[PDB]
Amino acid sequence: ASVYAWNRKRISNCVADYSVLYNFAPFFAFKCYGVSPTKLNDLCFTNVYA
Amino acid sequence: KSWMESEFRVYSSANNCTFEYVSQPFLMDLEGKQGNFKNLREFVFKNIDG
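As given, the protein sequences belong to chains A and C, one line each in that order. One rule links them: number in the entry's author numbering = place in the first sequence (from 1) + 347. One rule links them: number in the entry's author numbering = place in the second sequence (from 1) + 149.
Bear in mind the hints are in silico, worked out from the structure with no lab data behind them. Positions of the beta carbon are idealized from the N, C-alpha and C atoms, including for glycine. Some hints here could point you the wrong way.
Quick list of in silico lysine to any residue cross-link-like pairs, SDA-like style, CA-CA up to 20 Å [stated by the list, open to error]:
| id | chain 1 | residue 1 | chain 2 | residue 2 |
| --- | --- | --- | --- | --- |
| 1 | A | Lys356 | C | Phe168 |
| 2 | A | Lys378 | A | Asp364 |
| 3 | A | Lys356 | C | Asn165 |
Label pairs and their computed distance ranges (CB to CB) [as the list claims (entries may be wrong)]:
| id | chain 1 | residue 1 | chain 2 | residue 2 | range |
| --- | --- | --- | --- | --- | --- |
| 4 | C | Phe175 | A | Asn394 | 17 to 25 Å |
| 5 | C | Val171 | A | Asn388 | 24 to 32 Å |
| 6 | C | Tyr160 | A | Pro373 | 44 to 52 Å |
| 7 | C | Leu189 | A | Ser349 | 50 to 58 Å |
| 8 | A | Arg357 | C | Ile197 | 22 to 30 Å |
Using the sequences provided together with the hints, build the complete structure.
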């Protein structure tokens with residue numbers, strides 16, 4: 348979806364295994380805020396608005 | 150009429166449609182038979198710190 352029509356799909360009741368998403372494209376900007384993605388893998392959260 | 154359409158319909162469309170439990174019916178609509186029965190579906194509803 349375009350930037351003017353960005354989706355909002357909260358992920359819950361399932362696993363967002365970050366290991367699968369760590370290797371998805373040749374290059375990307377994993378500009379996570381607050382905690383590092385490596386530490387974020389060992390960081391469970393209530394509800395993630397994707 | 151036995152289909153799911155034009156039903157009791159209290160769920161006027163809202164915004165914060167949070168997690169769901171679409172799964173096997175917890176209320177077992179058992180096929181009561183052989184007489185000498187009444188499905189005493191005892192339900193205890195409680196909210197413990199949320």
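Hint compliance check: list the failing hint numbers for this structure, sorted ascending.
Checked against the structure, no hint fails, so every one of them is satisfied.
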